[PDB]
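Visitor: Letter by letter, the chains look like this.
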Amino acid sequence: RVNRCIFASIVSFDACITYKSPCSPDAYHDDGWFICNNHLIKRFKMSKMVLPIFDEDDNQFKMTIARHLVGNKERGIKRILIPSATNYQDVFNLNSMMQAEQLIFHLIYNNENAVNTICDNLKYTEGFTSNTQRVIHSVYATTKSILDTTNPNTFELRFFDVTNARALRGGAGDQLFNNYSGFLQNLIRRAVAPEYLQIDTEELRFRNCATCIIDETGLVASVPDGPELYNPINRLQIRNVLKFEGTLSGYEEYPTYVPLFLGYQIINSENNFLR
Amino acid sequence: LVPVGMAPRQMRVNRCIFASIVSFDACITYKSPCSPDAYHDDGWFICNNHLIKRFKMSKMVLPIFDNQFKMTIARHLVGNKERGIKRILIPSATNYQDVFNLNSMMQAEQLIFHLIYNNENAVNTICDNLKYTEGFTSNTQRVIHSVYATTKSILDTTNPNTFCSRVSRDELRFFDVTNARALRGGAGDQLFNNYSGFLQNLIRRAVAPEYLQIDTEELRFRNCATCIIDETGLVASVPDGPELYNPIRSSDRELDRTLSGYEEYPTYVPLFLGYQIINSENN
Amino acid sequence: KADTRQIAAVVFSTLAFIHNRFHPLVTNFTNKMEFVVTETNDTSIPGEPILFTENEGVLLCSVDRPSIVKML
Amino acid sequence: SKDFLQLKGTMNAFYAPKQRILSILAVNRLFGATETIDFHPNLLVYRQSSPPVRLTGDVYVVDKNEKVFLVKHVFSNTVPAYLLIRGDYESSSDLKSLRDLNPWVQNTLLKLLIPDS
Ligand SMILES: [Zn+2]
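Protein chains in written order, with PDB author numbering: chain N, 14 to 168, 176 to 253, 264 to 276, 284 to 312; chain H, 3 to 67, 71 to 257, 279 to 309; chain A, 74 to 145; chain F, 359 to 475.
Treat the hints as calculated values from the structure; they're not laboratory data. Take every hint as true, because none was put in to throw you off.
Dumping the calculated SDA-like pairs for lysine to any residue here, alpha-carbon to alpha-carbon at most 25 angstroms:
hint, chain 1, residue 1, chain 2, residue 2
1, N, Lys-75, N, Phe-310
2, N, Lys-58, H, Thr-138
3, N, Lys-58, H, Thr-31
Quick list of simulated restraints, FRET-style, between CB atoms:
hint, chain 1, residue 1, chain 2, residue 2, range
4, N, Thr-142, H, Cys-29, 25 to 33 angstroms
5, F, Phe-389, A, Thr-100, 55 to 63 angstroms
6, H, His-150, N, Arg-189, 44 to 52 angstroms
7, H, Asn-166, N, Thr-130, 39 to 47 angstroms
8, N, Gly-89, H, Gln-146, 19 to 27 angstroms
9, N, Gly-140, H, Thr-221, 52 to 60 angstroms
10, N, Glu-176, H, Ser-143, 39 to 47 angstroms
Beta carbons are placed, not taken as given, at the ideal position from N, Cα and C, and that holds for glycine.
Assemble the whole structure, with the sequences as input and the hints as a guide.
Guide: Written out as structure tokens, the structure reads:
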């Protein structure tokens, strides 16, 4: 039951503080995610989802994808989903979250200076050597192990900025994707669905226009142009008493979702690889 | 409903400001540690626990008299070998942000400090950040407003009386080194003025005067000052030279054979500084 | 008499309180409950101002508000 | 008329029982009332509605906790006035401050609402 619930490896080293860690069960799922649903929702405004591709008889290609939790009014920081290392400290209110979570974020973004600062500050906790350092070791080791696992360089033809028609030139969203950590890159791959999927000279289009944007600020739930997509969301009381006991009800509902649709995936001669 | 229309009820009230600290993350439950003393309706608006934790200070009583009047007084928890910033018993408005590790403690406590110390810019910054942080509207906004309202209510209770005391003629206090022939005293009164009204009340409740002139009688509790005030704030330093030894015997055979039940003088270092004057008793 | 909402709320709250006092582990009443407030002798039953009867799908509580008022 | 009764202590407020409506003439005085009825909260019977009943035109909040509102209303014969309602209501447009109202209606409302302790 490996709990991959990154951001649940958080221990309230302060005695007066107790960390509930009320986060989603799916962390025990040996999936491509390294962060389970509730952490994803809380810290990236994303909801996990799956997109079947071939589902006829036993070919069951089910590409994963997450959904915007950003309305059509948020902007700038409010709209940024996965901030860049240059702005994540600003987008996230690190000061408002526990120092262990701050350490996790700093490790993810490779902010070793912030890591050192946090451990230096913890140096001056009352029970520092007793258990604060133990908490530091546990959290740091868990985060480092997760990061190494994500990083492919440790001991394929998916392009995210290559969809954008009307762009002047440059792309570079893939440049920033490269600049991201292995964990962040794997998260982007796992949550963002390329708008196109080419298999051995066979192209499938899933959307007529990409839904996400990638730039220097990071990943943004913005549109390539135009206005933002519409994205909506016991203690018995006197009002809870109902009055006297006494319209397309018969039809199914199309979700009012905004799944992360952006990019082009190219697959070589390899056939319908289902391993 | 049961109670009369409105009819504000009467009960006890926790008085230490820090009792209102609560985790803005509603999903994270937190309980602040409060000493029961907080529920005594006295001049103290901080409980013993918070006082010791943040200011390095412990409450204490000084009998005064025929009729035994009890004057509130705090005492040092500062050790002999502590130096520099450690000696700041109560930081000034220009140093509290540094002395208190805002980063290391909770946002609610940071707001409490930026309220006590008159830092409207910091208070506004915290308020706006909380407005744009987490599910502010759902319950975090109400929690923040509750904490802010409690702090503001305490401050509004204190500051008017503090100002009246400042301009008061009958009751006069002078927080400085009564040994005017000294250099570590300085414009202690000016610094005390610089402090906030609630902070001024705390200083009054904590630091006892070296002398006390009641009508025509003067009582000299000390031939020396046990603490000083400078730009940094209230400093647990000896104005004339070597620091006073503070054993700190608790909290953070022939000898006894002779020294059986036997009166023992405490090693505590109470706070004695400045001159105080009063007309009549007012008690 | 007009505000049947509050009468029903009070009656249900009392009933649930007694139910819990008998079964402390119960804090709700499960099946939804209906309520009606009689207004006439030919609609009220002596000796049982509050009574119950199912509509074959769910239980309805009958209240003799005039009798309640008279007692109180 | 016999359809309603003038509220005691008000020159422009009346209540229609069969309609269960409290009305305040915008600029007009009442006349001829040989009888008056004391105001009482029971008059503002809370309207029940599973979806909030929509309202249009000018709407004002009297008591958000008690879902009490004042709605601008003109009698078809073009008599301006306001209806005081209590119940599960919602406004199509933005709710408006009572200060917008004239001193006449405001005085009547003060008399009707503030208990005479
Ligand atoms: Zn306390």
